[PDB]
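Shown next as C-alpha coordinates: one chain only, the form deposited without ligand PRZ.
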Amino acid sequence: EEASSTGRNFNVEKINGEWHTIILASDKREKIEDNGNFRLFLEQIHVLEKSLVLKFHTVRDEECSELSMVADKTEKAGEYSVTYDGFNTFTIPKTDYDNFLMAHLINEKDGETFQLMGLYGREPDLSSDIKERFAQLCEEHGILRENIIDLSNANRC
(Lines of atoms letter the chains of each structure in order from A and count residues from 1; the text may use other names and numbers.)
(Lines give C-alpha, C1' and ligand atoms only; values in the text may rest on other atoms or scores of the structure.)
(Ligands and ions follow the chains in the order given, each with its own letter.)
Protein backbone atom coordinates (compact mmCIF):
# COMPACT_ATOMS: atom_id res chain seq x y z
CA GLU A 1 0.00 0.00 0.00
CA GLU A 2 1.15 3.55 -0.76
CA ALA A 3 0.55 6.80 0.98
CA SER A 4 1.43 10.46 0.91
CA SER A 5 2.49 12.28 4.09
CA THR A 6 -0.35 14.72 3.40
CA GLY A 7 -2.96 11.95 3.11
CA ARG A 8 -5.33 10.84 5.89
CA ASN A 9 -4.04 7.30 6.06
CA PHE A 10 -0.36 8.22 6.39
CA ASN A 11 1.49 6.30 9.07
CA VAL A 12 4.72 8.21 9.86
CA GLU A 13 6.05 5.45 12.13
CA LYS A 14 6.40 3.29 9.04
CA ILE A 15 9.09 5.50 7.44
CA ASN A 16 11.31 5.03 10.51
CA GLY A 17 14.70 3.39 9.97
CA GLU A 18 17.29 2.77 7.26
CA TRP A 19 17.10 4.78 4.01
CA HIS A 20 19.58 5.45 1.18
CA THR A 21 19.71 8.30 -1.37
CA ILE A 22 19.07 6.73 -4.76
CA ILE A 23 18.23 9.73 -7.00
CA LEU A 24 18.16 13.49 -6.42
CA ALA A 25 16.55 16.13 -8.60
CA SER A 26 16.29 19.87 -8.67
CA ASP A 27 15.17 22.82 -10.67
CA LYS A 28 18.55 24.41 -9.67
CA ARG A 29 20.89 21.59 -10.71
CA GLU A 30 24.02 23.03 -9.10
CA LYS A 31 22.50 22.42 -5.67
CA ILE A 32 22.80 18.61 -6.13
CA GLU A 33 25.93 18.48 -8.30
CA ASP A 34 29.33 17.47 -6.94
CA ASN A 35 29.94 20.31 -4.59
CA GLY A 36 26.32 21.20 -3.92
CA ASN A 37 25.01 21.57 -0.37
CA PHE A 38 21.99 19.42 -1.23
CA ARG A 39 23.91 16.48 -2.58
CA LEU A 40 22.95 14.63 0.62
CA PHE A 41 23.20 10.88 1.23
CA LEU A 42 20.47 9.82 3.65
CA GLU A 43 21.29 7.02 6.16
CA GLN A 44 18.31 6.96 8.45
CA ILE A 45 15.15 8.65 9.56
CA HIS A 46 14.29 8.58 13.25
CA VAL A 47 10.56 9.25 13.81
CA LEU A 48 9.69 11.17 17.01
CA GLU A 49 6.37 12.53 18.32
CA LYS A 50 6.50 15.78 16.39
CA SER A 51 9.81 15.64 14.54
CA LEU A 52 11.98 13.48 12.35
CA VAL A 53 15.73 13.21 12.97
CA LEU A 54 17.49 12.93 9.61
CA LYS A 55 21.00 11.43 9.50
CA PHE A 56 23.02 12.18 6.33
CA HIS A 57 26.57 12.35 5.08
CA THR A 58 28.03 14.65 2.41
CA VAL A 59 31.06 13.79 0.29
CA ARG A 60 34.07 15.93 -0.61
CA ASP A 61 37.32 14.84 -2.25
CA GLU A 62 36.26 11.24 -1.55
CA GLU A 63 35.79 11.98 2.13
CA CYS A 64 32.47 11.45 3.99
CA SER A 65 31.19 13.95 6.53
CA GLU A 66 28.25 13.16 8.79
CA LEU A 67 25.39 15.51 9.57
CA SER A 68 22.10 15.38 11.44
CA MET A 69 19.07 17.61 11.09
CA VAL A 70 15.86 17.79 13.03
CA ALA A 71 12.75 18.38 10.96
CA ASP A 72 9.78 19.76 12.88
CA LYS A 73 6.10 19.24 12.04
CA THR A 74 4.49 22.39 10.70
CA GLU A 75 0.85 23.52 10.86
CA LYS A 76 0.06 21.41 7.84
CA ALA A 77 -0.22 17.64 8.26
CA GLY A 78 2.41 15.80 6.31
CA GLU A 79 4.68 18.86 6.16
CA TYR A 80 7.97 19.27 7.96
CA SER A 81 10.38 22.22 8.20
CA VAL A 82 14.14 22.37 8.79
CA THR A 83 16.90 24.94 8.81
CA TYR A 84 19.77 23.99 6.52
CA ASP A 85 21.44 26.30 4.01
CA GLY A 86 18.34 28.44 4.29
CA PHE A 87 14.78 27.57 5.30
CA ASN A 88 13.23 24.31 4.03
CA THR A 89 9.79 22.68 4.17
CA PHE A 90 9.09 19.28 2.72
CA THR A 91 6.43 16.61 2.29
CA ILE A 92 6.53 12.96 1.08
CA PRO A 93 4.17 12.84 -1.90
CA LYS A 94 4.60 9.04 -2.24
CA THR A 95 6.07 6.15 -0.25
CA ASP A 96 5.26 2.42 -0.03
CA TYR A 97 7.25 2.33 3.27
CA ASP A 98 8.97 -0.99 2.44
CA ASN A 99 10.91 -0.06 -0.69
CA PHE A 100 10.87 3.65 -1.56
CA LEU A 101 10.24 7.15 -0.28
CA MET A 102 9.79 10.16 -2.61
CA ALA A 103 10.23 13.57 -0.95
CA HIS A 104 9.54 17.06 -2.32
CA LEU A 105 11.29 20.00 -0.67
CA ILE A 106 11.22 23.77 -1.10
CA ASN A 107 14.30 25.72 -0.07
CA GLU A 108 14.34 29.47 0.48
CA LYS A 109 17.69 31.33 0.98
CA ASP A 110 18.64 34.96 0.38
CA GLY A 111 15.17 35.79 -0.95
CA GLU A 112 15.29 33.01 -3.62
CA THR A 113 13.83 29.52 -3.82
CA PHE A 114 14.26 26.17 -5.59
CA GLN A 115 12.64 22.70 -5.57
CA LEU A 116 14.49 19.56 -4.54
CA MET A 117 13.08 16.06 -5.06
CA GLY A 118 14.66 12.94 -3.63
CA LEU A 119 14.09 9.19 -4.24
CA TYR A 120 15.18 7.11 -1.24
CA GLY A 121 15.30 3.36 -0.91
CA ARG A 122 15.43 0.81 1.92
CA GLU A 123 18.32 -0.84 0.03
CA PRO A 124 21.18 1.07 -1.69
CA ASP A 125 19.34 0.91 -5.04
CA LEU A 126 15.77 0.57 -6.48
CA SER A 127 14.18 -1.15 -9.51
CA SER A 128 14.12 0.68 -12.86
CA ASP A 129 10.29 0.75 -12.62
CA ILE A 130 10.42 2.75 -9.34
CA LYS A 131 13.07 5.07 -10.80
CA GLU A 132 10.75 5.78 -13.80
CA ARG A 133 7.79 6.48 -11.40
CA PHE A 134 10.10 9.02 -9.72
CA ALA A 135 10.98 10.64 -13.09
CA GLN A 136 7.23 10.95 -13.71
CA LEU A 137 6.75 12.65 -10.33
CA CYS A 138 9.62 15.09 -11.08
CA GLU A 139 7.97 15.90 -14.46
CA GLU A 140 4.73 16.75 -12.59
CA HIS A 141 6.72 19.33 -10.65
CA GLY A 142 8.34 20.81 -13.70
CA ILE A 143 11.75 19.23 -13.28
CA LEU A 144 13.34 17.97 -16.48
CA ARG A 145 15.03 14.54 -16.51
CA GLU A 146 18.31 16.23 -17.40
CA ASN A 147 18.05 17.68 -13.84
CA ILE A 148 17.57 14.22 -12.23
CA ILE A 149 20.84 12.60 -11.00
CA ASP A 150 21.03 8.90 -10.11
CA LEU A 151 23.48 8.57 -7.19
CA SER A 152 23.04 4.84 -6.61
CA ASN A 153 26.62 4.17 -7.72
CA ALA A 154 27.97 6.84 -5.35
CA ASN A 155 25.99 6.58 -2.08
CA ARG A 156 28.49 4.51 -0.04
CA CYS A 157 31.42 5.77 2.03
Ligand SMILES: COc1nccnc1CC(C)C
Second form
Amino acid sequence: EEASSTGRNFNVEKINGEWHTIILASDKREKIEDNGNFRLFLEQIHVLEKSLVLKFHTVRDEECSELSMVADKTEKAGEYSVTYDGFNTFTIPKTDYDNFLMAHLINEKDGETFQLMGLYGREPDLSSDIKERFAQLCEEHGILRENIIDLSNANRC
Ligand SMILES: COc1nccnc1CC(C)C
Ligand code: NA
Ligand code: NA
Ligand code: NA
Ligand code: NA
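If the structure you just shared is the form deposited without ligand PRZ, then what does the corresponding form solved in complex with ligand PRZ look like?
Every chain and every other molecule in the complex is listed next, the one we just looked at coming first.
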Protein backbone atom coordinates (compact mmCIF):
# COMPACT_ATOMS: atom_id res chain seq x y z
CA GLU A 1 0.00 0.00 0.00
CA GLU A 2 1.25 3.48 -0.85
CA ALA A 3 0.32 6.94 0.18
CA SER A 4 1.03 10.61 -0.30
CA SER A 5 1.36 12.98 2.65
CA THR A 6 -1.33 15.17 1.08
CA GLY A 7 -3.71 12.18 0.79
CA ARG A 8 -6.57 11.32 3.11
CA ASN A 9 -5.16 7.90 4.11
CA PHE A 10 -1.65 9.11 5.03
CA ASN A 11 -0.35 7.75 8.33
CA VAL A 12 2.59 9.95 9.36
CA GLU A 13 3.57 7.70 12.21
CA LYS A 14 4.56 5.06 9.64
CA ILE A 15 7.46 7.21 8.25
CA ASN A 16 9.09 7.33 11.69
CA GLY A 17 12.55 5.78 12.05
CA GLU A 18 15.53 4.84 10.01
CA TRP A 19 16.02 6.29 6.51
CA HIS A 20 18.95 6.77 4.14
CA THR A 21 19.46 9.17 1.23
CA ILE A 22 19.50 7.12 -1.96
CA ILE A 23 19.07 9.67 -4.70
CA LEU A 24 18.77 13.50 -4.76
CA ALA A 25 17.54 15.61 -7.71
CA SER A 26 17.19 19.32 -8.38
CA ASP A 27 16.44 21.82 -11.08
CA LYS A 28 19.51 23.79 -9.69
CA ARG A 29 22.04 20.92 -9.77
CA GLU A 30 24.78 22.75 -7.83
CA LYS A 31 22.68 22.60 -4.66
CA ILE A 32 23.17 18.84 -4.47
CA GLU A 33 26.65 18.52 -6.01
CA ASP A 34 29.75 17.92 -3.89
CA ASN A 35 29.80 21.15 -2.08
CA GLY A 36 26.11 21.91 -2.05
CA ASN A 37 24.16 22.74 1.05
CA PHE A 38 21.41 20.32 0.03
CA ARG A 39 23.58 17.25 -0.45
CA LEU A 40 22.13 15.88 2.79
CA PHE A 41 22.33 12.31 3.99
CA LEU A 42 19.23 11.46 5.96
CA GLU A 43 19.62 9.15 8.98
CA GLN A 44 16.26 9.29 10.71
CA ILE A 45 12.87 10.91 10.94
CA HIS A 46 11.38 11.34 14.38
CA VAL A 47 7.58 11.88 14.10
CA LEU A 48 6.13 14.23 16.71
CA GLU A 49 2.62 15.63 17.22
CA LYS A 50 2.94 18.56 14.83
CA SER A 51 6.50 18.26 13.54
CA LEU A 52 9.18 15.97 12.16
CA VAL A 53 12.72 15.96 13.57
CA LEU A 54 15.09 15.27 10.66
CA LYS A 55 18.57 13.98 11.46
CA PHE A 56 21.22 14.18 8.71
CA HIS A 57 24.88 14.21 8.14
CA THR A 58 26.75 16.25 5.59
CA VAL A 59 30.14 15.49 4.06
CA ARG A 60 33.16 17.72 3.35
CA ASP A 61 36.76 16.73 2.54
CA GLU A 62 35.81 13.14 3.45
CA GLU A 63 34.57 14.26 6.91
CA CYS A 64 30.98 13.79 8.19
CA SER A 65 29.18 16.36 10.31
CA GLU A 66 25.88 15.88 12.08
CA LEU A 67 22.95 18.19 11.28
CA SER A 68 19.45 18.15 12.90
CA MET A 69 16.45 20.15 11.75
CA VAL A 70 12.86 20.49 12.89
CA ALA A 71 10.09 20.63 10.27
CA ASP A 72 6.75 22.02 11.33
CA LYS A 73 3.35 21.25 9.87
CA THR A 74 1.96 24.13 7.78
CA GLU A 75 -1.67 25.00 7.15
CA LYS A 76 -1.91 22.51 4.35
CA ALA A 77 -2.16 18.84 5.33
CA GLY A 78 0.89 16.82 4.47
CA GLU A 79 3.09 19.91 4.01
CA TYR A 80 5.89 20.84 6.37
CA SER A 81 8.17 23.90 6.52
CA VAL A 82 11.71 24.28 7.79
CA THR A 83 14.32 26.97 7.84
CA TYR A 84 17.65 25.84 6.36
CA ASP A 85 19.69 27.83 3.82
CA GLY A 86 16.53 29.84 3.14
CA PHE A 87 12.86 28.92 3.68
CA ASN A 88 11.71 25.41 2.69
CA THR A 89 8.37 23.69 2.35
CA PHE A 90 8.02 20.05 1.44
CA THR A 91 5.56 17.20 0.95
CA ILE A 92 5.92 13.44 0.49
CA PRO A 93 4.25 12.63 -2.89
CA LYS A 94 4.80 8.87 -2.56
CA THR A 95 5.94 6.41 0.11
CA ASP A 96 5.20 2.74 0.82
CA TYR A 97 6.50 3.27 4.40
CA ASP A 98 8.49 -0.01 4.43
CA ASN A 99 10.93 0.54 1.60
CA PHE A 100 10.97 4.05 0.12
CA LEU A 101 10.01 7.65 0.69
CA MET A 102 9.92 10.27 -2.09
CA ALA A 103 9.91 13.94 -1.04
CA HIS A 104 9.44 17.12 -3.03
CA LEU A 105 10.80 20.35 -1.55
CA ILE A 106 10.71 24.01 -2.66
CA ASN A 107 13.49 26.28 -1.33
CA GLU A 108 13.35 30.04 -1.40
CA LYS A 109 16.53 32.12 -0.67
CA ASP A 110 17.46 35.66 -1.57
CA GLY A 111 14.29 36.04 -3.60
CA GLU A 112 15.05 32.98 -5.81
CA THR A 113 13.67 29.42 -5.68
CA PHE A 114 14.51 25.87 -6.77
CA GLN A 115 12.99 22.39 -6.53
CA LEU A 116 14.65 19.47 -4.70
CA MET A 117 13.41 15.86 -4.88
CA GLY A 118 14.75 13.09 -2.70
CA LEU A 119 14.43 9.28 -2.67
CA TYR A 120 15.15 7.77 0.75
CA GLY A 121 15.22 4.10 1.66
CA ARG A 122 14.84 2.04 4.81
CA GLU A 123 18.10 0.29 3.82
CA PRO A 124 21.14 2.03 2.38
CA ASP A 125 20.03 1.28 -1.22
CA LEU A 126 16.82 0.53 -3.16
CA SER A 127 15.87 -1.65 -6.14
CA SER A 128 16.46 -0.37 -9.65
CA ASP A 129 12.64 -0.50 -10.20
CA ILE A 130 12.03 1.96 -7.33
CA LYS A 131 14.87 4.17 -8.62
CA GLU A 132 13.12 4.22 -12.02
CA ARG A 133 9.78 5.16 -10.37
CA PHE A 134 11.63 8.08 -8.75
CA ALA A 135 13.06 9.20 -12.11
CA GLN A 136 9.50 9.21 -13.43
CA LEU A 137 8.27 11.33 -10.50
CA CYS A 138 11.20 13.79 -11.18
CA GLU A 139 10.16 13.97 -14.87
CA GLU A 140 6.63 14.94 -13.83
CA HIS A 141 8.22 17.94 -12.05
CA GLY A 142 10.41 19.01 -14.94
CA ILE A 143 13.67 17.67 -13.54
CA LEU A 144 15.88 16.01 -16.11
CA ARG A 145 17.62 12.76 -15.31
CA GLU A 146 20.97 14.46 -15.82
CA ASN A 147 20.01 16.45 -12.69
CA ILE A 148 19.29 13.28 -10.68
CA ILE A 149 22.29 12.05 -8.58
CA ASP A 150 22.44 8.55 -7.16
CA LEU A 151 24.31 8.80 -3.83
CA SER A 152 23.88 5.18 -2.74
CA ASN A 153 27.56 4.57 -3.30
CA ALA A 154 28.44 7.40 -0.86
CA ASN A 155 25.83 7.64 1.87
CA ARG A 156 27.86 6.11 4.72
CA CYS A 157 30.48 7.79 6.99
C1 LIG B 1 16.06 20.02 4.06
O2 LIG B 1 15.51 18.76 3.69
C3 LIG B 1 16.28 18.07 2.81
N4 LIG B 1 17.36 18.61 2.20
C5 LIG B 1 18.13 17.89 1.40
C6 LIG B 1 17.83 16.55 1.18
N7 LIG B 1 16.76 16.02 1.77
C8 LIG B 1 15.96 16.73 2.59
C9 LIG B 1 14.72 16.04 3.20
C10 LIG B 1 13.43 16.74 2.76
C11 LIG B 1 13.30 16.78 1.24
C12 LIG B 1 12.23 16.03 3.39
NA1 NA C 1 27.51 21.34 -11.95
NA1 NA D 1 1.31 26.39 -0.94
NA1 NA E 1 3.86 17.36 -6.96
NA1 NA F 1 5.10 19.44 -4.33
